[PDB]
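Next up is one chain by itself, shown in structure tokens, the form deposited in one PDB entry.
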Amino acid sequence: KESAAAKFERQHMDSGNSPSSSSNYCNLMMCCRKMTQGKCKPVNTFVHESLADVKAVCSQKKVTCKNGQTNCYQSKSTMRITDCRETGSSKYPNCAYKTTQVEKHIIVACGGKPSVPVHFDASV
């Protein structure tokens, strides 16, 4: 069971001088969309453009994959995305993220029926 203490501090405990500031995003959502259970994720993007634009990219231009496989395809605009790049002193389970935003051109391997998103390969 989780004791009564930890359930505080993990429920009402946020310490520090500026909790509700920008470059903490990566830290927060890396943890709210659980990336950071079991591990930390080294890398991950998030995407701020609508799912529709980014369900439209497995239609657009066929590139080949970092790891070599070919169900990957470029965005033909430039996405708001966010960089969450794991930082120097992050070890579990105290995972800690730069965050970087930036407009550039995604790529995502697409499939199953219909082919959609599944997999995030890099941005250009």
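Whichever C-alpha set is largest while still superposing within 1.5 Å between the two forms counts as the rigid core. Numbering follows the first chain given and starts at 1. Compared with the form deposited in another entry:
Once you line up the core between these two forms, the Cα of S23 stays within less than 2 Å of where it was.
After superposition on the rigid core, displacement of the C-alpha of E103 between these two forms stays below 2 Å.
Could the form deposited in another entry be shown next, to go alongside the form deposited in one PDB entry?
What comes next is one chain alone, with no partners or other molecules.
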């Protein structure tokens, strides 16, 4: 059972965050986009550019993926992205992430026809 006071805190209190400064962004989105089911996905980047701008990376600088595969492409320009990384304290099922906003080039692996991103490799 939950107190009326505890209920007010759960429903109405979000001290330290807001839609214009959401440090809980990754915590929310990783849960929402289903990357915390069964285990916490360790790292995940969210890209804030247009889908067409990202599909287009498949047409830019060919590079080698981190593991060595050779179907990766580096974006010509830096992109507005958000890095989500588990915190040192993160313990499933309470997956915790550090939200970091940055502008960097991205490298994805592309596949199929036409060639579209099917894996996010790195941010540089």
